[PDB]
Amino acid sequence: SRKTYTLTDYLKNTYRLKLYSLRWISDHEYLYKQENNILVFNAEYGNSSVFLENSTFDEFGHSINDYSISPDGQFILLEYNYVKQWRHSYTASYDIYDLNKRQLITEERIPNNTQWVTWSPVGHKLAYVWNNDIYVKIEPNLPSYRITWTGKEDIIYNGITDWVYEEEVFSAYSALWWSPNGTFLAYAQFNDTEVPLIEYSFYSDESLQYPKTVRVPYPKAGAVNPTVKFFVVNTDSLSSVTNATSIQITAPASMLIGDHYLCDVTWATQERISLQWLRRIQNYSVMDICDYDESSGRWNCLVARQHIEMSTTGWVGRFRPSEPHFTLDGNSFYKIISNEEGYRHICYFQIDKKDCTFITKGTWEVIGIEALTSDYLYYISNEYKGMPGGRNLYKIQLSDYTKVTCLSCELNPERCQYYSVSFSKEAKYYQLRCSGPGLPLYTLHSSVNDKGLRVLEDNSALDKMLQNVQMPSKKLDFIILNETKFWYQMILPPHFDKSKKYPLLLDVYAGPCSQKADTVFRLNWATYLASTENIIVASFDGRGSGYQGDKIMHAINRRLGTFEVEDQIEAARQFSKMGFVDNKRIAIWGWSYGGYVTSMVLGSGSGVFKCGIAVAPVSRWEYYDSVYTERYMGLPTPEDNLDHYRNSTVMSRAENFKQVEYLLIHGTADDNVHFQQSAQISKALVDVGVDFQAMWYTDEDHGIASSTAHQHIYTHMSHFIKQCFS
């Protein structure tokens, strides 16, 4: 009949998904963006006077990438000149516009090439980082006070993360934290002095005669890590003549004995800062809780307020130890930690009592703690219907742990089983974001007794477009192995017919704590392959997968490249038994870690897979970075785990690629998984006389995300699959 979801569609983005990106500026109001004008909305009723006219900056003289209003309500920060660096890092330019006097602030402006700017959480105080140094701006139109003086490009970082900390521990460039009322500014300092550099060519525009060598501090597994220091400064007692004292918090002694990280910093009260440290062996983590000493002017990290979080069967936390949530007085906190049963749940801690009390339990896990009031703790979890791929909002009554309510489960069960939530400032209102299996739906609620105020975005437009196009359907379900359920999804072509045999693509990640089998509604390349090309795209969450407890997640501890790949092969066989699957036509592909799994599967000699694609794969663990690799693999030394580092490379599997058709893709400017890794793969396959397909993407990093390269690659991959399959 009518038209399908085509490749063009995915690349040219013809079927747009609507969102409702709001930002709460108080407990009663938010701003909704546009392409035109920031408007302000009243949560109770829905009325909305325009916040600031779209005309304000047509004759500003620059494209303005981003906006950011001070909490005072008195100023807008204006981001422009944005120059992307890593995943989160970038530089930019900045002007401050005073809402009151409808007037740009021109003197003492924030310098260009600024790495990071942040308001204080109450007033209009500014902290910005520039050339690796921290600067504070008490009033927007007044001068800046320098705070640190040791900023050195590529060497000493003040208030910002180095490459590895950005990627692997904080997930952010920022490494400064204001105190709740803005007296204190706490910051981290990282030292890359002795860290080796990864170096690679960047070619740029045709006009550049000589390729430039980019070089970045980057610790590969086992190499010299960056050192970290931590400080706090009073932003009220700085003068402009005395340079300014930063107070160092040190230790703790359980970390100073050897290599360590700082992995969490969370303010508690005006004068309590909580810090989490984690040993290089990411087995053992400590929480410190330090009060300010009015008297001495230094910070007391009182012994006996410290909290050990360890693991006997793996690493601490999902990717890092969880974040604590402090009650208003700051004398107790909730954080997610692993059960005695293996499951991640909420513990109630009293700041000077080591024995925490679990407030939630069960064979399911808590994803994140969303909000804390005086009577209710708010959280996302996968409890509903026993589906680890579902997400819902719950509240637990702080005075009776038996009384927990689902706030999202029932609003629309057929449409909505994957939720996320955004709360107003004292949590009197919340936006719920449903994201599947039906169309994304955005709605507004008031907390007083969880009354549904109104629908913010229903995507009815998209719904109207998508009824004249033959969409694929999705199936979530589980298969059993060794008395355990393992979840898996399948994207099914339209008019699916279980009496016909279909080609199957296995879409894999399989990295530690991953989940490819869930309820989110996704409009992507798989949608095209199923709808236009009649392929079954399938993903499977085997051992090492997350959100189902530690017996699963920790099965691959110290053993990457074993069960997770044994399980993906396992999945394939199982689907090929299902009757609707032509086993002469199973393929497999993955990006990143998924590339690694794919490669490792193709090299296994399973005989299951006719062909496969690996995009920007890891090829041996020693090439990837310290913080990530070590988390799961330990150190690549004889005394520790060198042996399995060695025994788990793609290269050693070279000879078995004779049995398969392989496509190896990689961007030359990958700062994350260096091209080196695909370079060693090809060298291996050349060395043992195996033919394969390749494609470098010049100057593209780990996302190969540019407009045209994104289109080129997907076009290229479609061609390879279609040929493997027709």
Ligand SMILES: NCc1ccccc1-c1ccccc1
The other form holds:
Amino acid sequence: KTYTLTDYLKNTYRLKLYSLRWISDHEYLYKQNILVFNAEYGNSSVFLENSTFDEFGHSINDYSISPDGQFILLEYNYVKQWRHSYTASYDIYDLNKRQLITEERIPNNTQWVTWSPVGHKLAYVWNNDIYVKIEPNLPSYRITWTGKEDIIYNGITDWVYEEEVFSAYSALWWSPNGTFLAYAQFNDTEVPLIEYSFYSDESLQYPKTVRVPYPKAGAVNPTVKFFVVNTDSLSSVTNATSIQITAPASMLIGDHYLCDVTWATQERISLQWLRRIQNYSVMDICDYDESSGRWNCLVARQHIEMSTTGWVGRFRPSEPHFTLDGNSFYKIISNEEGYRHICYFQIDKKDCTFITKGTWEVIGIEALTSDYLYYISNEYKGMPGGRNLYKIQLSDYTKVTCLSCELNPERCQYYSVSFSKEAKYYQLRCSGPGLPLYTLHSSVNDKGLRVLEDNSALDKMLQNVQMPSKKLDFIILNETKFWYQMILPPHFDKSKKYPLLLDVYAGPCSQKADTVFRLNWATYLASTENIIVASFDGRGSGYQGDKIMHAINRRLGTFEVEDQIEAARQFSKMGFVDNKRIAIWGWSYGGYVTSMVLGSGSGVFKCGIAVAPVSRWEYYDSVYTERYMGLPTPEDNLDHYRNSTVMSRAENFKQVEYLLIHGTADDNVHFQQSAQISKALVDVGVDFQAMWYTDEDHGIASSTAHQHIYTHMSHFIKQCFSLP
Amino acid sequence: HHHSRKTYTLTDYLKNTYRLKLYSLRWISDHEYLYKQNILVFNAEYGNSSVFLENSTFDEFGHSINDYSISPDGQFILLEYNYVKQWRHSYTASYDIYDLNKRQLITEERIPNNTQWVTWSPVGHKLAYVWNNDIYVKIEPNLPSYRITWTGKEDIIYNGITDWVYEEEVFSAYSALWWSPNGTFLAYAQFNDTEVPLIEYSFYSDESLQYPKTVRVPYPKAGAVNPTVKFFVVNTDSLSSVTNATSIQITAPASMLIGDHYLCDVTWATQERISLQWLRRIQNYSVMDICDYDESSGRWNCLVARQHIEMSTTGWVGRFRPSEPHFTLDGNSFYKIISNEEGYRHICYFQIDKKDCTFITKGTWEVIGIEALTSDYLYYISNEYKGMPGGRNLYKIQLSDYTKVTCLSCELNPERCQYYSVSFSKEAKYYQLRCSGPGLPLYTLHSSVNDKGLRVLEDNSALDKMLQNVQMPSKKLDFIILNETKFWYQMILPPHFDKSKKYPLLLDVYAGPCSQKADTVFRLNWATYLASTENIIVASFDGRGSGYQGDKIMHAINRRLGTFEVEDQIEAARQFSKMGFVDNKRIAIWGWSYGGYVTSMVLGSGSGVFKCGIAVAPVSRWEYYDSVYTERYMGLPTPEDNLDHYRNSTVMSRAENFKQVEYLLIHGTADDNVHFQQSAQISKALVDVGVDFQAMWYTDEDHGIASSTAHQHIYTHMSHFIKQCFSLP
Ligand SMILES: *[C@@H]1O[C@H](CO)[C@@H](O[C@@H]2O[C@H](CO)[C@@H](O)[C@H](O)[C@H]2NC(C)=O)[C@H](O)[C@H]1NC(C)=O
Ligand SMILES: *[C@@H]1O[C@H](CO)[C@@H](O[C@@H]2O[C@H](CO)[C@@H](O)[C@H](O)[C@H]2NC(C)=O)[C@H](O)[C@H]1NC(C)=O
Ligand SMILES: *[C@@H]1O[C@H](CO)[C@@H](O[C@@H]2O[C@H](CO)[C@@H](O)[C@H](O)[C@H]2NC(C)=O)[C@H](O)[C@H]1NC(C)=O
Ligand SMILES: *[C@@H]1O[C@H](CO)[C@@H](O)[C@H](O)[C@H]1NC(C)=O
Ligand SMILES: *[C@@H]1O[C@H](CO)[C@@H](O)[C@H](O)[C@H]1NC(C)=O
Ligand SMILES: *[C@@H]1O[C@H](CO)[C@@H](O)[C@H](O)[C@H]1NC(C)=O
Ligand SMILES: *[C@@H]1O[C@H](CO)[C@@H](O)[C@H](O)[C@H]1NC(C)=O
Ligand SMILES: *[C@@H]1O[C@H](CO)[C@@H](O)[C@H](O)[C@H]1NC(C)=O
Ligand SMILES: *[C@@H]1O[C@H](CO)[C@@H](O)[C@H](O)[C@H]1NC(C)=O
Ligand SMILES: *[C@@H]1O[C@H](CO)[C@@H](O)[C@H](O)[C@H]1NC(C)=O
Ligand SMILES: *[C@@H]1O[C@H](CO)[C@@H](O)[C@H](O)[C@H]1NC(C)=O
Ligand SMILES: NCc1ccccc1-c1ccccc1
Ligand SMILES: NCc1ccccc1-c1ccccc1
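Starting from the form deposited without the ligand above, please write out the structure of the form deposited with the ligand bound.
And the full complex, kicking off with our chain again.
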């Protein structure tokens, strides 16, 4: 038998995870029941039983143990908002007594909650204001009084900061020992609202209009203010006093963003700010002052990170990792040859020294100790789509050890890591070419303690199914390596001609050719329909240096689009591809590129599917769009904004079969974007197929809609490929 | 060859290869009408037409002239430009006035931009116009206008113009202004939408609009808060530029003010007598008031003795609304189509001071409309000829002798003409007949004194020439017996139709209350193409709920929408397949609006009769459609009325059954009538039960999906879907 659409949609074959949350430097929690595990022995006692909260009445979505292990926070009444944001009810459970607190409870509709990093202090956001609980059963102190729905956000992000800047709803930062609470304040007063209908359940007589403050390209952005409150000197008599830290003079001169918050020590915080033109950012290092109670960020302690060839950072400037004394830090920046490497900074000195070098990139700094910096990179075998954990000796930068490279080179070439509280242990997460493998390691000697999850259950289930394989490789274009992957049908025959589906994203810093094992739609297409599904990382793609990544700076809808067409041409020349049956599909940026490709009039592609595509860049949000496109003004980049629309390519869609799909409640890529594509196609008399999804957002992630869209897409591709 | 090789193609339909010529005229007097070659004044009797306005006269105008309107006295012309469509009847335009005698544009005190309605008095050249929701009157075109109302408020208070629901469902017009016969009085309605909830939807506009617009329209859905209505009459002769105008309120009868009600008809009877019809929100009870002007009061008074009640125990009253009265010259009598004791609609003769009327027509057929009445004759359209409800003829009944009824149009050309409408001159001395009948449309002129044909105005001979060579389809108009009742169907049959072959069939459905889809009208439409080119039979059926056949058939679906009319369409297809020439592996159904709903209900019925179908802008559940139309047939969506059937006749509840059929669902996103909502709820329900189907939204299109480009796209799209459903290459 084969891996079917049903298998994909119903998860017949499930990849087991081994999700753990470190509680200390040698203990971690795991759900089977919730057990505590020992890293030394692997023994486990039950921490809270299957039904410890039986007579609760509510359904528990998640939990959060306080750092000192004295209280547990139960989260229920989960209502998803955007990508990361949501609302929930909360209860505090005294662990020393095993009983829910009933006094001064956390209110319903709480936007964000968090423990302080030590002890059991609590900070939550409710109705856009910040409250603090020193003790779970004591009244909370109100920190901010300016909270206003859709307008002022204290300690939580607005739509655009949530999606594009912090990848989080929270804008609350505890100092390491919980003394200070730092937060951001966002003002959306003059930011225009995107409006769309929400139809809701059949019983709703009149559709509801959703209105979300959302800055599209070149519109009025939110403004940001930054505060730090002392949670140890809180009065129950007077209103708490918040100390503002103003953005540096180089940022105040125009529109800007707060793009990073990172505490260095107990009395030192680092903030990164980004100009609206995102090629200039500044890091301030701010110290708490004694006989003034204020925060001072010495002009001399400013660190500038700018780019001559593009934007700054992969998606934002990278975060700093301070040494314990906070007089030094490490961060990933692109070197003089454009490759992202770790640079070592002195709090006071302008120049940093690079501690990594080469024609590969550091992905992330993972942990810092007294003697070692740990990082993940794609250095192993010059493969940008592999991921390995390396150890770098701080006293000698040349002494670099790959901790994961050789553990299982056959099945594992893509690792992530999770260190214990003080990096004494680490769990390795291999998502590698073979089935995922989760292993525990002692960092003192780098030996492997034990296998946590090996997916042998999946492994034997899969023994009985004709499974596809992955070919990961590169082609040469202009004396440059460009990587691609193919999901090849089972019993693949080089001498026979297969239909090929080109799976595209191709956004700036994207990577679609990697060593990750996946069970997805492509898996079914290859396994059952005998379709090759290819992906390709061309210009604009990430983790290969700025020469490649910055190629599309200010030129979205050009090189990354052309390169996808070129990749398909190269794939025809591999001899096992039926060039009468090449297709392309993508979601979001992938939707855009698919559409741009189908409208290019290249003649390479028979058909395509665009899901929730951007159709023109003025329709998309400011932070993301302007990062690559600049501003849509006559003095900046209007001409290319005007040039890079799918609408302008409508005529060329006469040569191809198109499917356009979009959820009507997409807060991210607004239905508007597809509504304009469809209108333009109609206006030039192009026939095509469409599908809207009522009330689905950008994820089209309802169990039923998810199943419906993939089913619908399968029929379209099978129809396009003459597959019965 | 030399035999017909051509067919009527999809391109022919979309590009208008074969154009039907019309002959639209407008009577100016009792013996002259206007026409357009250039604007001429044809003399009806001789044919001599002197030139009235050359095409060039407005070349220097600087704007494209959408329409024109000559004052009743031919002294002034109204030029309409900057036309901006709103709903089905409503729009906005600029207006200028050209003095026909003085030969130039009036520049002083011009009608403002964004005028909602303009109209001449029926005699002379008084003017009434609505702007910013208020009424203004110009006694002369170049003088300052008199402001009648001061209460107009966008979306809240409408003066002399209807709100959404009154435009669409009650008056079929934007104006709520009615001049008295000689222009002395200007009657108007005033609607109040303060608590009517707003439908809201996105308008995407030109691609240069960065943020979509949200359109907000006061629109009462079934059971919602309705607009209130007040009625006024102002004397335009006693206007002054020193005091504000005095509007005299005419209140509704107490039997109406007791609960929610509507004004459904306004009809002047004389210079000093107006008749109002009012309808209760439960639309089974209506009251006509008849109101004389009082000379000493300066007020209007409706005498309770002259009050007339029209009701129905079986359904609603009127075909879509209570019928309009047609008054005798003295205004002491009127004629009015009402349903007789056995449910057939006929002309009843009423006396102003009397309760009981006398029926002037009888029979198992119906009067469609009263068209004209004189001292000696009443002229009306009916479907009596050959007992064919889908046929239409002009009849003449003698007022002094009801047994003397003459058919004026029946026998003119019986073979090509079986469906007529009429246009009478100002005092019925001449009339134009429009034959749309089985053959090519024919326009003729007549004098009513001797009823002889004066001339052929337009005979569509150019089109007859072009068609002489193309394999056109034929129409079969016949009936079937069901529960010993005749139900009529039509078939657009492919050329060289062969009884022995098995053709695929498309059920073209509408099936709304008082609908008629089986008639004698000649049409060049999508159905023409399907038959001519694709060899598909496209049939239509008038089952229970349909009109022009009596209340027995028409009221069968009262309070029961989505039942018998739906069931009868399914039943029809069974009959068609059992006629022997239908391939019942290939039966499709398609409809728009109510027809979209019926399509959806049929596809979701689980009958197994249909392979596929297309629903365009369908209603999906009655709580989503407007109060006036829905409640007419469905009552209130309340537990103590009809909530049960409201909840029971949604297409959503039938989602599961769509697993058995190929479905295409189409809807314009800016549909102000049947909201996109209705399809959005259908789609969600089909997604929820894992049914695959096909969809197409039309960005910024409304209920008509009428844009040149969109119109062509949807028909191309549907053609592909139907061709693939039927395995047609
Ligand atoms: C959020 O920003 C808005 C817009 O800048 C601020 O509103 C202005 O406040 C000033 C002084 O209070 C007034 O004089 C202006 O007229 C306001 N403009 C508008 C558009 O409202 C608002 O004060 C800010 N709120 C916070 C809490 O910072
Ligand atoms: C802390 O600050 C808040 C908001 O600034 C105060 O609450 C307001 O108090 C003023 C008078 O001082 C009233 O006019 C407002 O109506 C109050 N707003 C609300 C509902 O909070 C609060 O009293 C302050 N606490 C003190 C006394 O320091
Ligand atoms: C339109 O109708 C509304 C009611 O729907 C009228 O508003 C009322 O006005 C009176 C007196 O001004 C108030 O007592 C009521 O509270 C209002 N009604 C409600 C409930 O809103 C309004 O006057 C009408 N408009 C006009 C000018 O006719
Ligand atoms: C693991 O085992 C030791 C005894 O060998 C015990 O003291 C410790 O508490 C255990 N930890 C857990 C997680 O139960
Ligand atoms: C949260 O909401 C529910 C439902 O209204 C209510 O019964 C409960 O008391 C609320 N809990 C809190 C913490 O306010
Ligand atoms: C936390 O840091 C603050 C500020 O430096 C300091 O006063 C305090 O000692 C620390 N708390 C403890 C007891 O760890
Ligand atoms: C940042 O971008 C602007 C606009 O593209 C450009 O003119 C400027 O040179 C850039 N600044 C830096 C510091 O590279
Ligand atoms: C129409 O014809 C009549 C009769 O022959 C003629 O006298 C007249 O000039 C024409 N009509 C007008 C008023 O132009
Ligand atoms: C209508 O608008 C145009 C353009 O704004 C203006 O020139 C013209 O005078 C206006 N017409 C009237 C009669 O107000
Ligand atoms: C007419 O009515 C309005 C308000 O209803 C008033 O403002 C206006 O001045 C009145 N006209 C005069 C001057 O009589
Ligand atoms: C129009 O009607 C009014 C009301 O009956 C009357 O006073 C007036 O004389 C009429 N006008 C003419 C010129 O017939
Ligand atoms: N908004 C940045 C982002 C982050 C994660 C995934 C997708 C996207 C995205 C959506 C739409 C268009 C371009 C990117
Ligand atoms: N609103 C009555 C009407 C009149 C003319 C044409 C269609 C319709 C209509 C639209 C939607 C649903 C039911 C009827």
